[PDB]
Each structure stands twice: as structure tokens, then as C-alpha cells.
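Every protein chain but one is kept in place in this view of the complex.
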Amino acid sequence: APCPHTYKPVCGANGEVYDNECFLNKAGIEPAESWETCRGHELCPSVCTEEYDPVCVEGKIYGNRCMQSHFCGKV
Amino acid sequence: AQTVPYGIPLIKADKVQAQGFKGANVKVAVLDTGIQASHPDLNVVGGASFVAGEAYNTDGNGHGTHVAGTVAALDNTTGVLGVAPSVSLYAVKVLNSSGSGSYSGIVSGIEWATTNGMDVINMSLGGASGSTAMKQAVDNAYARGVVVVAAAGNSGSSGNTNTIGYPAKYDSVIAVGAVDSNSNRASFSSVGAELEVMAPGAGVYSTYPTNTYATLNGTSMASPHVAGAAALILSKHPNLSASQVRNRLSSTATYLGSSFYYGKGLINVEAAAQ
Amino acid sequence: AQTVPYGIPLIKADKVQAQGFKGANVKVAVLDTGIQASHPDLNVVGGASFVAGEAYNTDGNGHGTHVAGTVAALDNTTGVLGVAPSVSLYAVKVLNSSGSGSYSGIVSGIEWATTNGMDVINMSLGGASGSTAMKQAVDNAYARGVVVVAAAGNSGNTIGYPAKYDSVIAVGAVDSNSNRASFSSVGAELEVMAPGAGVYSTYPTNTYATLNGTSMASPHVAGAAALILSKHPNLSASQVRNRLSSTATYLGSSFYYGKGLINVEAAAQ
Partner (left out) sequence: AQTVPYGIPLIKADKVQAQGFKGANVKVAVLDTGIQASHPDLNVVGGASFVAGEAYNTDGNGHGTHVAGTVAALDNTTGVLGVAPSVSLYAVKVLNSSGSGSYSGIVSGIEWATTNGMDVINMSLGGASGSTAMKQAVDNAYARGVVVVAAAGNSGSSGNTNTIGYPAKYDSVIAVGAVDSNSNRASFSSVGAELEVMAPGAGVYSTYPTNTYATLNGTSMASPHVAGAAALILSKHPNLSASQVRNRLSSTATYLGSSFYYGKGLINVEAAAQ
């Protein structure tokens, strides 16, 4: 009980995200080995506002950061 | 010390307001990141929160507050002025501080909105895929008398490609694109055949969290114009069905060109409420 | 050759250092996974260990060394730069190499700091529950004149302990744009914000790294207190604390920002 407060989010096999692996373990949840198991979070959002505030990323930029992030788990 | 944003006069909501119809008694629900209730130029009268840890009367993003301002900013000695400044304003928090959410959280808000009797539903949001629980949430809301509006998306256009998002692509939901002050299409605005109408979505100025104001872009700003343009038709002709308020807004629109880009065109609140 | 993380000038700690106040002779304890003492950009002067098998001069995790860097990385031709680079730095290891600790482990750390006369405690760590011994330890540290700082937690009212104790300064995170970070906790106990997103600092094995968390924000405040005390060596724990929050730059609702972004230059006037 008692973990470091870094935000290195991890996807629990139960469909809930934990702030880092140490919290993942305190809860007794297993890693999901699939970020899809946590759709609609932030690192993996299924929604987004429709505000236009474009971001680089590559060719298929993104209307906003949420739209860019709608591509799971990435760095 | 109160300016009228260029959106109000451009859709002619000022003409209708001048007749005394400002949307009183009409209950409009903003499904967004919440609203800054304590904002001087906003009267949030109800709502519910579907994000853990945060209430419905706070906005940690800004978006929600800036969407609701475009709808029902208090007609007073200060701030800005909304399309339907007399509306009963409800804050349904379905998004997080980052402007993101799950299909489940949105379905929840829709359902809450149907149960508590919202006259208008605004959704400045949209994923690329739909979900049957959300197509069901809206279909069961539209059929029950609730007018459902949503941003068409900011995916632009290339070729015949349909770039409309959900829940804007549903036939039971009014897909609203975005234009600028000159009535020209915002080059970021989603194209498609589900596209129904256009509205101010370029340099839109409205309320913003912690008692201030901001100028935003996107079809998210376009939506609360149509959402508010509905709250007006219902203060002047408060006996129309959801389908009548809707048919009126689209029929009496100003054609701006191809409906694959402009839909019906820029809504005319004055004409739709004649 | 030296790199100034954006967070230092953001809380305006460079301005204070420019005056000639760098935290000299201020004793700061980092209760963490330990500190890589041999790192060229860090000077560990003492500490203690409550982790079976490990001394205080190593860090098998990385977290402890990052946090310490933000507090006191050496003002150099090298690496990065801390908020209070002249500070007297102590490693108090209460978390293992996996980053986990027990309430009694953390309590031992607190008590050691109180007994050894630390001016500041940083606790970039948290739990769901508290513990009476822990509440008792922080209360007593603060009452004896220790500025106690902790990361408000990244849970996002989901503030945890020991940040949730009122004898402890609860610190949230902002980014280089002064915006609240999504992961930053919210609630009634949130006291101040500091940089916690994209924070670049010393990292174990004579290197450096960029981390995210209210764990990165906490040490900015801990360092901010060292700066204030090197300038006004005579202030009480509550004086320093109030001086940090009463001069914070307003950011918005206190539920999300507390008093807002710390400003050491103001706080140290």
C-alpha cells in the first residue's frame, strides 16, 4: 500500500486504467496485454469534442489532440 | 459591456429575439465537459455528472462552458449573448477535462436527458465509429420529443469521401457543419450526405471557465447555434413537434451551394420561426 | 552544457537564484526509492534506509533520483538544474526498487526526518488509505517545523494520503502552458500547483529522463520552500507554507488548481 505518483498509465485487464504498474499491482488486477480493453479513456478515447485545434503527428494530422489520441496507448 | 457575437445576427436570432421570443420555458441540455455554473453570464438550472470525481456544475476543460454560452448566455449588462438567452440550461457532463469520453458515458447522458425531459439536446462531439447503444439512446430520444443536435465533425473533405461523425451521422440527429462570418464553409468542416445544415463555427466568441470569454473554432461552436435556434422556434411556436421544429429549420435555410458541403445551408431562425 | 528544465523558470525559481538564494544550508529529505548519490549532477549529503537490504545511496527504481534532481540538481556546466541547487540533500529510502512502500516504512522515514531536523520533506507518493501512525507522524513533523510536501496524486475528490492530511501541502500538476494536467487529482485539499508534465531531470546511471506525474510537481514546491528558507532562515513551517499559497498565480477553481501555480519570487519577497 503506497505507490509513487508518476503517471505511467497501464491498462488493467478489467477495463480500468491505473496510474502506473505499481498501482496496477496494489489493486490485484492483471495487465490487459491489449489497450483496446480500455476504450474511451484518454490514452485511448472513443469520443472527443469537435473543437478544431489541429495537431501534427504526420499526414493524417487531427482536428484535435483527442482525435490524434483516438489511436490507442501511443507514447 | 455586452457584445453580441457575430453568430446571433448571422442566423437572424436577433430578429426573433426582438419579437420577445428568447427561448424561455425551453429546456436545453448540453452534453459536454460540463459548465461553469458560477460564471456570471450563465444560469445552469440543472443537470447530472457522468464522470467520476467531478460534479455537473464545474467545467475543467472550457469547451462545455463555451458551447453552453453560445446557446444561453444571459441577456444582461455584461458578457456575451446567446441564441436563446432565456433557455433553462442543463449541464450533462459526459466528457472529461481532456475533452474525451466513452460511448457508454454519452449514452448515459442521452438517457438522463430523455428521462428529465429536455426539449433540445446538443452534442459538440463525435467519434469515427458509432455504437448500437448510442444509436438506440438517440433514436429513443428523438421519438420522445427531444430535438437532437450534434457537430458534423472537423474531418474536412477529399473526394467523394463521407467524413461525418457520430452521433451526427444518425438520421435521428441534426448534423451541423460550420461556416465563417462571410457565410463561406470552414475548410475543416465535415462533408457528407448526412450533413443537414450550416452555422457559425469560425471564430466563435463565448463564455469560458473562471468568469471569462474565449474565441473558439470547430463544428462544436456551430452546433449550439442550431441547438439554440430550436429553443427559439419553441418559445414562439411552443406547440411544434421535434420533427416540425427540425423540418422548419432545414426548409427555411439559406442555400449556400452543394448540400454535400453546406447541407441545406445557413439556418434562418427568423424564417424558420415565422 | 547545462539544461534548464522549463519548470524552473515557470515557477520563477531562476529569478530567486539570481538574487543569490539557492537553498544553501537548508536540509531537504526526499522520501522515495533512494537517490543515485554517484550521479555527477547530484550531491547527497546523508539519509537513512528502511528497505531491507538497501542503503540510501542507491536507487534501483529511478523515481527517487528524478524527484531529487528537480529539487537540487547541481548548478553546473552539466546535466540539469534544480529549484534549490545549493540545498543539503538527504535520501530517505522508504520505497523499494518497484516503487512500493508500507505505511510503517513511510512512517519511519517521516520520523527520521523530524528527528534529524529536516526543514523540508518531499513525498512524491501516495495511497488510498491513510493510517493513524502516518497522520500522527506528519502532524508531528509539521508541528516541529517541517514543511511537509506531497504529490496530490494522479488518481484525478480522489486526492490520497499523505497529501490529504491538512498538515501536508497537497501539490497538483500543470504543464509548460500553465494548464492543469489531465492526471492531476482534484478536490478540497488541493493546495498548489507546480510543473508535473514533461519534467526533465536526473535519472539513475549518470543519465537523465523526462517523467510525468504530480510526483514531478511536488519537489518543485519542496525546492521552493528551501529557496524561501535560505532567504528567510527564521520563518516557521506555517509561515513558509502560507507564503507559498498566498502568492500563487491564480489559475481558476480551487477544486482543480487550489491556490494556483506557485511563484517563488513572489513567495520569497
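Here the chain labels run A, B and C in written order, and each chain numbers its own residues starting at 1.
Heads up, the rule we're going with is that a contact is a pair of C-beta atoms (placed from the backbone, for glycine too) under 8 Å apart; a residue touches a chain by one contact, two chains touch by 3 or more.
K.L.:
One chain isn't shown here. Among B:24, B:214 or B:271, which residue touches it?
P.N.:
Checking the options B:24, B:214 or B:271, the one contacting the hidden chain is B:214.
K.L.:
Just to verify: which one of C:212, C:215, C:249 or C:253 makes contact with the chain not shown?
P.N.:
Looking across C:212, C:215, C:249 or C:253, the contact with the absent chain belongs to C:249.
K.L.:
Touch as defined at the start, partner being the missing chain; which of B:129, B:181, B:251 or B:258 qualifies?
P.N.:
Candidates B:129, B:181, B:251 or B:258; residue touching the omitted chain: B:181.
K.L.:
By the contact criterion defined above, which parts of subunit B meet the unshown chain? Give residue numbers in ascending order.
P.N.:
Touch set of subunit B with respect to the missing chain: 1-3, 6, 181-182, 203, 205, 208, 212-215.
Here is the rule we go by: only the chains that are shown with their structure count from here on.
K.L.:
Could you compare the number of C-beta pairs in contact for B-C with that for A-C and name the larger?
P.N.:
If we tally the contacting C-beta pairs, A-C comes out ahead.
K.L.:
Can you give the whole-Å distance between the Cα centres of subunit A and subunit C?
P.N.:
Once rounded, the distance between the two centres reads 26 Å.
K.L.:
Please report how many Å separate the Cα centroid of subunit B from that of subunit C, as a whole number.
P.N.:
Distance between chain centres: 44 Å.
K.L.:
Can you pull out the residues of subunit C that are in contact with at least two other chains?
P.N.:
Residues 182 of subunit C touch two or more partner chains.
K.L.:
Identify all positions of subunit A at which a residue touches two or more other chains, and write them in rising order.
P.N.:
42
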